[PDB]
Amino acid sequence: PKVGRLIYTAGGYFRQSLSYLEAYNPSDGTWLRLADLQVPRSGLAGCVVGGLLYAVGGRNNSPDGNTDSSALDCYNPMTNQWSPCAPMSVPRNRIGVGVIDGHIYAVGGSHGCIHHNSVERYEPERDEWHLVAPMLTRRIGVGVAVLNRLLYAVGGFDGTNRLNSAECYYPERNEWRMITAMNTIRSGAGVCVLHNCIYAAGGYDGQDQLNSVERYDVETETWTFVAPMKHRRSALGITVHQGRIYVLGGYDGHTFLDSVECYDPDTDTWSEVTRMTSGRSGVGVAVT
């Protein structure tokens, strides 16, 4: 059943880090502006747990300085209010996040020149972070998705090398394992899950911004290309709404995009469905 869920986009970057929170309704094509983040943020990740939107990590980059963020803030759509939560152990710009069993996992990212392999877990009921097992690889500009209580960390930059590698976290055992590498090197890709596949859309391969899209089928253990996006983009937002993938904004090597594209796996096609109210990259996105 279609019940009126919306795509939320928080923060982002255009000329400086942004404070915007806006919601898109794919049913009628409208955008609604909501309460601003208290502190501007770009390079953050968004997620939803128990009806609440969380904005995790990122950075505030502007003429008033460049500072990485360890912040966790939570937005309640029912009250249109933001609330601070406990901060992470370390700042994490260009972080990846995923949710397992009602907990938020914060993965990788950077603090100054430090490229984290560390991972930590937030428990909303206790408003507490706890360190878990680190990744095998340091990854900033990493993408994360969860399928059947396993968490995948995909691509990124380790401080020296830009990565086509990916790895999987097994939460009950608290361990990481490398999986099949992607066909393409990608930092700053959009990573999500749809059906039995983990998608990696766009990103930066060290030369160009990418419009290619590939997916890892967790059963057959292959990465296969699907149809490419209309626009090359890195530092895009990505999410899934009613069985389709949406990509929001990003940087194409020239412009900070307002384009939103939508992927239908049944026809293997992308279409432009709307424009954001202003172009931006480095947003956190989620659906509730």
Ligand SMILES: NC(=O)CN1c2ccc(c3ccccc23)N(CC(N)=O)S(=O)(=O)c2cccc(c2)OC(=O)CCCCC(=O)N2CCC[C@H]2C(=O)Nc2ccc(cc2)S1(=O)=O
The other form holds:
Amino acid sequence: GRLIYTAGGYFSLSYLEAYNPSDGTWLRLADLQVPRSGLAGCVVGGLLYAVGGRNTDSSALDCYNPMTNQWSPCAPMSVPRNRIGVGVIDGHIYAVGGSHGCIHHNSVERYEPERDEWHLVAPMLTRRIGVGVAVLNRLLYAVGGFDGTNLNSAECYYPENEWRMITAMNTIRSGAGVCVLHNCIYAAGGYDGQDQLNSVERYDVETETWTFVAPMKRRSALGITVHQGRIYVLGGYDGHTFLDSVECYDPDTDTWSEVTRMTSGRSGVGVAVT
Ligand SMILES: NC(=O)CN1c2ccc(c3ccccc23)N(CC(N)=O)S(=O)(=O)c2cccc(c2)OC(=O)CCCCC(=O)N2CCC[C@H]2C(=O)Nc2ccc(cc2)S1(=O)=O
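Since the structure above is the form solved without this ligand, I would like to see how the form deposited with this ligand bound looks, so please show that one next.
Everything in the complex follows now, all chains and molecules, and the chain you saw is the first one.
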């Protein structure tokens, strides 16, 4: 009965809408206190947090509670982080990368909801604005992005405080939807400098290889989450228009299938499931 929340986005949007893949119903919920695009979403203990983005870049961390349909302010990050990416480990929110104006972040900071406190951790090997982030059994991955100059590179964070480069992708991707499904890390979509991508690669943590799976039906700044063993990508920008298209990836048949449409097109959204 879990839901897919899309929060904020760009058409900078305040919408918080929830999709049920089991019946095609959308619900519109309480707005983001402050519109934001370029933000990330993630869930801790049933709570949905919206991080970073921009309205002016944003350091805001807000918390949405399905049980109250109310957005609660949290302590802000140590710096603004637009085009951020986030992951959770042990109930802690890791916010990696992003940009504050011309400052392209390689720093990473961790929020403990228990104390409402943000705290710095070991920065990355590379500045990554538009970074993709996912976590696989307490390893945090930052994938792609753009360092202020040039990334196919990916790197991995072990919490117990050092980042390690991993195998590079087959593709240069900033603004790529990144997730973990099963024991693999997916990097769907992105922007290679030239084109929006519809291709998707997954890193098998156990063969340390990026292999392409079927292409999507193109997009950047797309939302991405998992729901009932399936990847859902939301909206994004295909180079010409801001898509309302929501696409679902079934790993069993290795196909991407459009599965719904958002009530309005957006990119720059934060997405999570709870
Ligand atoms: N919160 C934000 O900062 C804003 N948003 C973001 C914008 C960017 C990245 C974002 C990545 C992650 C999350 C959010 C991203 N990326 C760079 C990165 N290092 O990751 S990106 O994914 O690679 C990418 C997306 C879209 C366009 C693009 C590159 O550049 C291009 O293709 C140029 C092609 C022609 C379009 C164009 O001329 N335009 C002139 C200005 C903008 C863009 C525009 O007209 N409308 C627009 C408005 C809002 C958004 C996208 C497009 S947004 O809200 O999603």
